[PDB]
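J.: So you can see what is in the structure, the chains are spelled out below.
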Amino acid sequence: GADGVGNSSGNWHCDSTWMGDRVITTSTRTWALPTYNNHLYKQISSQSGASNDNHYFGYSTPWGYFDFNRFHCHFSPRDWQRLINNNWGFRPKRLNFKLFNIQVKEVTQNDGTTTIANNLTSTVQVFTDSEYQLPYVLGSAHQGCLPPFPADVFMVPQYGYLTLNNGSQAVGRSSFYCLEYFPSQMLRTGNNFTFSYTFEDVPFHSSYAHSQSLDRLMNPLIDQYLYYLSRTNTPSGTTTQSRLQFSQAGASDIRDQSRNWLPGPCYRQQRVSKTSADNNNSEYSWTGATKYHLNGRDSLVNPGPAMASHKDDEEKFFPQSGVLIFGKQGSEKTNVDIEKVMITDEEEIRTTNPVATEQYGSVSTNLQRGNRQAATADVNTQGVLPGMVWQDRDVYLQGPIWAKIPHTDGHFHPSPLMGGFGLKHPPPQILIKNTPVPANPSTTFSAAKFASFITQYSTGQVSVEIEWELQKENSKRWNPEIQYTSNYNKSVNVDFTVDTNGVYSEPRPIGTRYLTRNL
Amino acid sequence: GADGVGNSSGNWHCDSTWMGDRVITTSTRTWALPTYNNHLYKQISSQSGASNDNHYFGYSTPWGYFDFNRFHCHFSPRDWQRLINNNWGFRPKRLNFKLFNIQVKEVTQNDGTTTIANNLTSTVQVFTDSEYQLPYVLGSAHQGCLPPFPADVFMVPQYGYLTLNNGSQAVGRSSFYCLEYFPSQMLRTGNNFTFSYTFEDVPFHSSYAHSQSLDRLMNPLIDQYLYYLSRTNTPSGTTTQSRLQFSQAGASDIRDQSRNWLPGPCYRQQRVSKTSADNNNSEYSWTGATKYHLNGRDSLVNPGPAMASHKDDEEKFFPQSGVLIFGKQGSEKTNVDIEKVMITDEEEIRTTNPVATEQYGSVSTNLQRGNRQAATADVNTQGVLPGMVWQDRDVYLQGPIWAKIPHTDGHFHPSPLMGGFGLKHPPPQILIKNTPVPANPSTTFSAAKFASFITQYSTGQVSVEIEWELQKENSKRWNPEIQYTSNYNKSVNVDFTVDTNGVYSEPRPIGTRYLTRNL
Amino acid sequence: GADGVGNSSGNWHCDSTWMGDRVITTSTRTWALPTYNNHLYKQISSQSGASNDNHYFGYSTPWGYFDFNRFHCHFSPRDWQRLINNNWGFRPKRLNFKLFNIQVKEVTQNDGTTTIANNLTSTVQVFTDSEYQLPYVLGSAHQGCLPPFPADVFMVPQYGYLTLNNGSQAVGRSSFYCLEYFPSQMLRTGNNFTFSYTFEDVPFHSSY
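Chains as they are written, first to last, in UniProt numbering: chain L, 217 to 735; chain H, 217 to 735; chain D, 217 to 424.
It is possible that some hints are incorrect.
Here are the simulated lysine to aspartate or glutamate pairs, EDC-like style, with alpha carbons at most 20 Å apart [said to hold, decoys possible]: (1) H:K692 <-> L:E396; (2) H:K314 <-> H:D368; (3) H:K549 <-> H:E722; (4) L:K490 <-> L:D561; (5) H:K507 <-> H:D269; (6) L:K314 <-> L:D368; (7) L:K314 <-> L:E722; (8) H:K692 <-> L:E347; (9) H:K556 <-> H:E683; (10) H:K688 <-> L:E347; (11) H:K309 <-> H:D269; (12) H:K556 <-> H:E531; (13) H:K692 <-> L:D345; (14) L:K640 <-> H:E689; (15) H:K620 <-> H:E322; (16) D:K321 <-> H:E322; (17) H:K321 <-> D:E322; (18) L:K309 <-> L:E396; (19) H:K527 <-> L:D514; (20) D:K258 <-> H:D715; (21) D:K258 <-> H:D368; (22) L:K544 <-> L:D368; (23) H:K527 <-> L:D269; (24) L:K556 <-> L:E722; (25) L:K309 <-> L:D295; (26) D:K258 <-> H:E722; (27) H:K706 <-> D:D269; (28) L:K544 <-> L:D711; (29) L:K549 <-> H:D469; (30) H:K258 <-> H:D368; (31) H:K314 <-> H:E683; (32) D:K314 <-> D:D368; (33) L:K532 <-> L:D561; (34) D:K258 <-> H:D711; (35) H:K544 <-> H:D561.
Treat the hints as calculated values from the structure; they're not laboratory data.
Use the sequences and the hints to build the structure in full.
T.: In structure tokens form, the structure reads like this:
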């Protein structure tokens, strides 16, 4: 699209409509973009000394990108609630994007006095990496997505990436991608950039919780017909004499019943409690946390494989890195106290996946014989096994929406671990930069790189609309399901509202599983 | 096909052409075939005493088979190089085979003097087991495939197979397949045997190395928004008092960052070093090597599941059985010294799969509490887990090309472990035998089995052409990729050449990953 | 072309005719071919010490080649004379080649006594490097072309070539061409191999 200077390049679309089966969440926000790295690509690396587990090598670019991989960039409390309360599941189908009403300003810091003014002509160029030839950054839970609250103006993030490294230094194989080596489209004012995408058949996120659970799944009333090993030894006057007898598992017997499927896999996490007291006093934050390691650098295992966060009656506990944790609007960056964060809870799964903090089961160790007692041992890490079945990490309104499946020789069940939809070809990276403006050059020629540009930034609005599909409920469940509600009682502030000084804020994390489906 | 005696049953096709997307490697070689087991099927078994882990039972047949399950039976250094240097990947599509110019000779060892002459009439019969009713031997890394070097004449291997066994003895279930119970086609001279095959949709072998790696994958510039557990206890005058605080992972924080996928699986191997010194002195060749075991016989775990062979800066090490090892042209059969072999290296993977010699990660053991320190333990064997992603063993010019997927109730990701393409219905076994020639029978009848045949063997050439598909490169990588080159400096002998006495020889193993794709 | 065992795969053409403007010199000769390097490619180099101006590195092949880059393989004194006496100049235009009546024998040196006999089946394979992917040896004034005199039987030369070298040793850039990496056509007896060529506009040799 194209037009004039006194012509709005696009209108403001920010609705949300439900169609019974679909529902489209349109949404627009105003943004701003500075000139990063003063227009140059800069090489960047870990700090020489820095622990090995923390080295790196890569580049930062003068390019800034766009991102809305956060559910709340599309759903509004209320809306989300609608969804989350009457749908067995849902998934994204297609999207449409558009930047417009772009405007380029140029600040002038003459002595003690700045003065911003329109640089009409100068441009901002955009380009979408629709061929995925660029290090996909999104999906890395970074923060600089869209504001949950419309009215909020925002700054565009700067693109940076990482290649290979042998400590703080580069290794040859590492590649250096240059963003100008693409065909950016250049916008001036009166210019807009639209583009549209279509998702790929993915599974509806399961937005329901299970009423039955693996173990308790058969019918009480009837005993099976298969037998199991009831007792081993037997009374012989005073002493026992080994004599194995078997029984037919019934209701009273349950624990012993024969089955057909196994809980999901696991990778044991340390348990910490919301109650300061209980927790051993010391620094096992890193030392005790569950991790894995590549090329000799141990990394953390955050968002551990999807597994319930606490047994019955222990909402007080949680994994050291088995859950998602968001900050309460305002919460500072580092070492903030428990009271400043919102920890997610995944009890809803208990029913199928193991509890993060407790071992999977316990396999037998030795082979018993008359002169040898029967061994056994608990298992803290069980990789996928036939017959296992499980549930993936719920979603949360202010959580990630999707993530790119890495291009590898092999993947195994790609639901992104941080939760979300695992996409092979996700929404392409959208980039934006401000074509430089060489400030006054010298009369006599010089072949040096230009270094003195006009100080200036850009701004303008952006809009994103997405169509989601739904799987409606359908249970013959007689008694009421659970629903997500807002507290009745009076409060000094409404949830998901602007305070007295107009600061919007999300009180709690809102999950997705409320409706109840049987297993 | 058919014709006369003074008529070449086929010409010599040994080209190789590239078409941009495909590339066909035609190739012909001269061969020779003796008469095995003096024409009879012989029962064969382990040596009574022999360690249990080494028993067996099966048969050897008078039949010899054909095989080219080695990349170099089709690619010529140069060619291979072309491929390997400009292609994100490739795979086989179809093939065509033909035997021809068959000729049957008959030696005469009259006293101190042999004398070979043409037995025109007598025949050689061939037959392809296109229904896979015969124990698929190929794929077992046996040696008797085609000569890498054209000019080389070769001997055809003899077919043998193995069934069940209870120690050195047979067990009933074990089957005994007889090769005459097939409809062999009989060739006399002037007769040729052609046949063609078509591969099945398989995945292009990934012939590229990764520039990013699982851990270092997100964007440096921006800190995430999810929080993790920074510290546990806290300064209380003199003493620490447990007080968990959380942080928001950033660049400096990296190791702690939240992610979305896990390294490939693992099965720990012992580390040995190319440097004699380091290595503990003793015999842990078997005792210390990683293995598995069926029906009480521990077998070795060679070509362990695909996993990088050494961390940064340790090209000197390697798994005890985690790598492929070829002999330097000439190297004898047993206990040959390190200097006689070429060990393959799979560093290229590091980026996704674990290091063979070092544990996967480390899970937590106990549950900590005030009166209990936080436990933890390293894991040396991790079975596939959701979110895991990885790369398969590279290929190597003189490596296997494919392998038959065993007919079972269940397989899991069939890329053959020794590397190659996992095929459900691979190129059918091709067999060949020389119809016997009863040497002079007695005038008076006898119903005994004939035992005195004419001494004779066969020869003639064979040709195999195969069409491979390619996936061309396509990265916006600015700086040069790595390529495979031959050393500039002078040398007494060219690599992949015949020495002074015309002995062709492959200097080093050549992999496949050189081109660099991002993860 | 193809046929049987008791069938001459080609006749003997050895004429020479003048047409006023053209003149065609046909010519046939009998030849023989041993098995070189006992069937293998052998690496070959100057003699370590040997003056520098005389070092080299290259290979010898089990392959033998054909050659008639000598005017007398086509002209007969007399003929040549005709030409040479009444022509301001001349040049070649096209050619046609054919091998035939191929026969494979096999000697038997049993003790103090050899005995040659027909190995009917066995073959001889031929192939023309029509894409010039092989080190062009001919033109190097080598000797093993055709006999000037028809009646003369001859032996076929063996193919060998030279690459780069840093003294008596090889240098990487040097290439090693393998003759089997071509699609040889295989002849058995009763088999013939013909092929034809066409020269390119060249200047008449000034014969005045």
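J.: Mind listing which of the numbered hints don't hold for this structure, in increasing order?
T.: Going through the list in order, the structure violates hints 7, 9, 11, 15, 18, 30 and respects the others.
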